[PDB]
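Peer 1: Residues per chain, in single letters:
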Amino acid sequence: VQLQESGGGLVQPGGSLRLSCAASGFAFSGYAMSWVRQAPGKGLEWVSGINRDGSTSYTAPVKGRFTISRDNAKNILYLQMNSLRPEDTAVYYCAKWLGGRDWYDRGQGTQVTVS
Amino acid sequence: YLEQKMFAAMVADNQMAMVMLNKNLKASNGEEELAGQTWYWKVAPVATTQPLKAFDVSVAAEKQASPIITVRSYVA
Amino acid sequence: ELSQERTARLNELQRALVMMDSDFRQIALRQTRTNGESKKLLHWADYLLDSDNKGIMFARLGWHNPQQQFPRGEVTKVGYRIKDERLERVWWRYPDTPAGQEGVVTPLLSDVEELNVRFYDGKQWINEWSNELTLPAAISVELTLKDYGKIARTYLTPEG
Ligand SMILES: [Cl-]
Numbered sequence: 002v003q004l005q006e007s008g009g010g011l012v013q014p015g016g017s018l019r020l021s022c023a024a025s026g027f028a029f030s031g032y033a034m035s036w037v038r039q040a041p042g043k044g045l046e047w048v049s050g051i052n053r054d055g056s057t058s059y060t061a062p063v064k065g066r067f068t069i070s071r072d073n074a075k076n077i078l079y080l081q082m083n084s085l086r087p088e089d090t091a092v093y094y095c096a097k098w099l100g101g102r103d104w105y106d107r108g109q110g111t112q113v114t115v116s
Numbered sequence: 033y034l035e036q037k038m039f040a041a042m043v044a045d046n047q048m049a050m051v052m053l054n056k057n058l059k060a061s062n063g064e065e066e067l068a069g070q071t072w073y074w075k076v077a078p079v080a081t082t083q084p085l087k088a089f090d091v092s093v094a095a096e097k098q099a100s101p102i103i104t105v106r107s108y109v110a
Numbered sequence: 032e033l034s035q036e037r038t039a040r041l042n043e044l045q046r047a048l049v050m051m052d053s054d055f056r057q058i059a060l061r062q063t064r065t066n067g068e071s072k073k074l075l076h077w078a079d080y081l082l083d084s085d086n087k088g089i090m091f092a093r094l095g096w097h098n099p100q101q102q103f104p105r106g107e108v109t110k111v112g113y114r115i116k117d118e119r120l121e122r123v124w125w126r127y128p129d130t131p132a133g134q135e136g137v138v139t140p141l142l143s144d145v146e147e148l149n150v151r152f153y154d155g156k157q158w159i160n161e162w163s164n165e166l167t168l169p170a171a172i173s174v175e176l177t178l179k180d181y182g183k184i185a186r187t188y189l190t191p192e193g
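Chains as they are written, first to last, in PDB author numbering: chain C, 2 to 116; chain A, 33 to 54, 56 to 85, 87 to 110; chain B, 32 to 68, 71 to 193.
Mixed in with the good hints there might be a few duds.
What the hints assert, rightly or not - Derived SDA-like pairs: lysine to any residue, alpha-carbon spacing no greater than 20 Å straight-line:
1. B:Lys-183 with A:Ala-68
2. C:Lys-64 with B:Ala-39
3. A:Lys-87 with A:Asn-54
4. A:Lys-37 with B:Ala-39
5. B:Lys-183 with A:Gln-70
As the list claims (entries may be wrong) - Partner residues aside, some chain C positions facing chain B, computed with beta carbon under 7 Å:
6. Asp-72
7. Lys-75
8. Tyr-79
9. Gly-100
Honestly, the hints are just simulated from the structure, not real lab data.
The beta carbon of each residue, even a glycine, is placed where N, CA and C say it ideally should be.
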């Protein structure tokens, strides 16, 4: 496995949560990385992405609320989720990023739940 | 040894494509740098037995030497 | 023993070249979108598709799809890049959606430093392609290999 996620679970609506992604087996620092989610009753959908240089990008329904970041020392990708709504309940996957909203080498994922 | 066979074929394909970009089709010759080596090519019109066109693309490993590949192509 | 390795290297190059032939010879006359922060026939720029250097992306027309079956030929988006000194093909199976999709990244050729592409307008080879309305007459894909150096391959585009 190249990407393993951690820090899922249940939180009360309006609560905060920090997803983590353990990167391994490739040159993490030189890759653009992303977060992708699958809410129940919907297909896989791109959430956020971070470039190799540090530039970030977010989908409208999560902008200024979720925050993507990276630690190149430990090879870990983070997703600080704040003001968590019920609509955010989904299986959050960590993946490599192609730019735009397209991903590849998707991780196994972690369940984040709220209602 | 088949490095030479493959790379000569690649140069031949490239030049065949370049002559296909054009009608006058004159007998030209030149050089192409590929796989860290110089390749000497010649395109030579071949008269046909009918109206409405042919040419031979040949490539060599040395300057005045015999070609290691020669390919005929039909157009028009 | 080393000769087996070099024989295999040439086979690897041919697998890469034939994959490139199947894309660059079958370029579809359809504009694709880069869904970041526009819309072209041929996309060509630095760091495109998260390439370590140059990246290319364009529409492709496939006829012999084993999975699906449309006789007229399925149009799909394709691209090339360099990552960790490997030439990699990127393939998009499904249409563009604000959801996004899982791209298929396939490494074709190892020990490839640089990707470079030049476009033939009709009379001259140029470094960029700003024309979004029509394709260039010819495309020259140049790969800089660590062992063999620069190898180039020319492709004629169908017109429309
Ligand atoms: Cl096909």
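Peer 1: Determine for every hint whether it applies to the structure shown.
Peer 2: Results for each hint:
For the hint pairing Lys-183 of chain B with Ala-68 of chain A, the CA-to-CA distance comes to about 6 Å; that is within 20 Å, so the pair holds. With a C-alpha separation of about 49 Å, the suggested pair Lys-64 of chain C and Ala-39 of chain B falls outside the 20 Å cut-off, and the hint is violated. A hinted pair counts as satisfied when its Cα atoms are at most 20 Å apart, and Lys-87 of chain A with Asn-54 of chain A qualifies at roughly 13 Å. About 15 Å separates the Cα atoms of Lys-37 of chain A and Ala-39 of chain B, which keeps this hinted pair within 20 Å; it holds.
In summary, the hint linking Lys-183 of chain B to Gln-70 of chain A is supported, as the alpha carbons are separated by about 9 Å, within the 20 Å threshold. Interface restraint check for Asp-72 of chain C: the shortest CB-CB distance to chain B comes to about 19 Å, outside 7 Å, so the restraint is violated. Given the 7 Å rule on beta carbons, the hint for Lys-75 of chain C is violated: about 20 Å separates it from the nearest Cβ of chain B. Hint on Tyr-79 of chain C is violated. Least Cβ distance to chain B is approximately 19 Å, over the 7 Å limit.
Interface restraint check: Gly-100 of chain C against chain B, minimum CB-CB distance 5 Å, threshold 7 Å, status holds.
The structure does not agree with the numbered hints 2, 6, 7 and 8 stated previously, though it agrees with the rest.
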